[PDB]
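Colleague: Fit chain A with the ligands to the supplied structure of chain B, relying on the hints for placement.
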Amino acid sequence: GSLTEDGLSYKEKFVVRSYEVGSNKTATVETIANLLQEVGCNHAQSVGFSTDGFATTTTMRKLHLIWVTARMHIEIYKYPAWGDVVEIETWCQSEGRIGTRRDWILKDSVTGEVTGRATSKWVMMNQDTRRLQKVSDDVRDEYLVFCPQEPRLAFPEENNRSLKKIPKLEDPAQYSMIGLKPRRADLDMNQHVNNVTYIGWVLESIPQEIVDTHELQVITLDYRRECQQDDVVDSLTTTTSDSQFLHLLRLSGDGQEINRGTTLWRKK
Amino acid sequence: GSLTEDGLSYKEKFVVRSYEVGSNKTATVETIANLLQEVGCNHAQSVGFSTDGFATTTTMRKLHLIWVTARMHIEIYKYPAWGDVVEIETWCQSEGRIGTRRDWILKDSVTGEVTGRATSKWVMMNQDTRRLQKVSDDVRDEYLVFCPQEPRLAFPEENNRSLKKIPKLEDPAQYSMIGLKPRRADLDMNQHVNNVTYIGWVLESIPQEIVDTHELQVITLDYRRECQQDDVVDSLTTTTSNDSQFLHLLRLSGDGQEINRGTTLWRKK
Ligand SMILES: Oc1ccc2[nH]ccc2c1
Ligand SMILES: Oc1ccc2[nH]ccc2c1
Ligand SMILES: Oc1ccc2[nH]ccc2c1
Ligand SMILES: Oc1ccc2[nH]ccc2c1
Ligand SMILES: Oc1ccc2[nH]ccc2c1
Ligand SMILES: Oc1ccc2[nH]ccc2c1
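Residue numbers (PDB author numbering), protein chains in the order written: chain B, 75 to 315, 333 to 359; chain A, 75 to 315, 332 to 359.
Chain B on its own, in the form it takes in the complex:
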């Protein structure tokens, strides 16, 4: 992969692997989400962020502050098949003092056609207290030089699917998958549950019949609280409708919300 000519975005090509595909012989949405993190990580490294994995500025490390995902929104028009080459372009932009947004564009490297797009909201949090903080002047100055100054959006539409407020699923749920626990493979280099594991957990309560006759087109997921490697999660789903579903992940015991989301599926 490499930074573009202006040094304000990063592109990388990936050949889809045999173990990265599902029943349709195309990449799962979890494989796509993993590739989005990989190209984001590779972009931060290319623009000077140290080999520790955190895209944190010098002042952020002094204050023990890290970036955390608040929301992920993915829309796939075509999933790449095993052996196909997908090209992904990523970039970041400041959203005032609220935080930052990382966007992605997926293309079929053979035709150049846009096959998907994704957007994410990131907030500054103290890594020890877990307290959310607004973005200070000094910190924004350190990362503005890595962002395009004119707006560049993967989802330009005024008040579109990526910015739609998500309601809380009311009991009883139509479908559920209980007792979901992460294993060591679900953790990252810092022993925290990988963000992509939560997408997998959300999708677990989708009936197999919907999976067998539909393809996932859109997924929006809000991140409320982390699952610790010793926690247990319940995944709840209710059809709201193409088929649309409302989702909720909560702790198995006390019912504490960890994520909420929505998915849109198209008939095969």
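By construction, these hints were calculated from the structure, which means they are not laboratory data.
Quick list of in silico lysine-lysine cross-link-like pairs, DSS-like style, CA-CA up to 30 Å: (1) A:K195 - B:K99; (2) B:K255 - A:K242; (3) A:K99 - A:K255; (4) B:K99 - A:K255.
Modeller: For chain A with the ligands alone, coordinates are given in the frame of chain B:
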């Protein structure tokens, strides 16, 4: 990746990804095991095996026969770090009428030094009845042209760990992790549990303190029965032993039916 000059082995390079590494900032043994399947799959495709994923000959498809793993043996000297390039070479050889063996050699693409090696035993099974069988003459003729004829072993040693018989763990186990279930990400393109998920399940009952102070050096795993996507597994571990050795057992949560048995050897960090 590409076949070597003689067309009897296949090499492929991989750049280790950020999400493929563990706490030490090196590739997990599950990432390595996934790369071993990928290079094996790419080798079968390169030598003519159809895009359906099964390295099955024309006569095997007519008889509804597939290859299934009986045993996996992996030994890692050094795990590659995030951003490092690992080169993996793979090949297959017939083991008479018993079945086939696929071997792998892992190298640091920068120094060329051998950083790991792996071997696996494969048996022929009817896809529908699940009945195992010896390899017929006609089937062996179809795949011999893809194998080196002179023996080529990743584990040449006289008393190597890849061929050592594994005992059954006796209750009570010293350690355990119960209620392990696969999710859709654990399945393959045919809706079957990926072989690498079982390695993950075996390793779940290793205490976190061993993980935090040791590195996995060797793992041998026997595959007895398949876990269905609706099954639930218990992972059992008992220390058998500078180095730490463990005996492992995966069994169904309810009836206690054996899924896998194995052994791991760990060395102090
Ligand atoms: O989704 C991700 C995950 C990790 C990252 N590091 C830097 C950007 C980025 C994006
Ligand atoms: O912390 C940041 C913010 C904006 C960025 N653009 C590119 C990398 C990056 C890291
Ligand atoms: O909750 C929000 C809303 C907008 C945002 N922009 C960037 C981060 C963020 C978080
Ligand atoms: O380990 C593996 C898995 C799948 C495969 N297909 C062909 C060879 C091979 C090896
Ligand atoms: O079925 C087989 C046996 C040996 C092989 N060598 C390479 C691919 C392959 C497939
Ligand atoms: O149990 C065994 C023993 C030797 C073998 N060689 C190939 C498959 C196989 C299985």
